[PDB]
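In the form deposited in one PDB entry, a lone chain appears below as structure tokens.
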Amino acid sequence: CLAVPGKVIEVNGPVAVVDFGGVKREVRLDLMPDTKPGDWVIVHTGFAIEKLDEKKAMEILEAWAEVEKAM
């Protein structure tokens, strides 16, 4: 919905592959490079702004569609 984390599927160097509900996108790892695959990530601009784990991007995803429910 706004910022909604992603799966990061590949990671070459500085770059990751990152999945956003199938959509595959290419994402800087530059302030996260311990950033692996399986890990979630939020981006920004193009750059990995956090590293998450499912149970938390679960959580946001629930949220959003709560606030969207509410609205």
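For clarity, a rigid core is taken as the largest C-alpha set superposing within 1.5 Å between two forms. Positions refer to the first chain, counted from 1. What changes on going to the form deposited in another entry:
Among the residues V23, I9, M58, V15, the single one whose Cα moves by at least 2 Å between the two forms, once the core is superposed, is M58.
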Given for the second form:
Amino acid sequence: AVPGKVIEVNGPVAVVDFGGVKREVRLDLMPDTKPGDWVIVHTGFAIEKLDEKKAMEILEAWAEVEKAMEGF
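Moving on from the form deposited in one PDB entry, kindly provide the form deposited in another entry as a structure.
Below: the lone chain, stripped of partners and molecules.
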């Protein structure tokens, strides 16, 4: 199970790049998918997005609260 980068979006179909291999993926379960998005694909369908930016933000937010509650 490898993630892919959306390089093309045309209606309910996207072109996803998995390590240099590009395949067409159905977007019915992730309608707001757009070029640049990183998605998890299962049996030809994108089932969820991967946002490292978001994840890093939540982490930093959490650290900031703990750092502040502890004394730094």
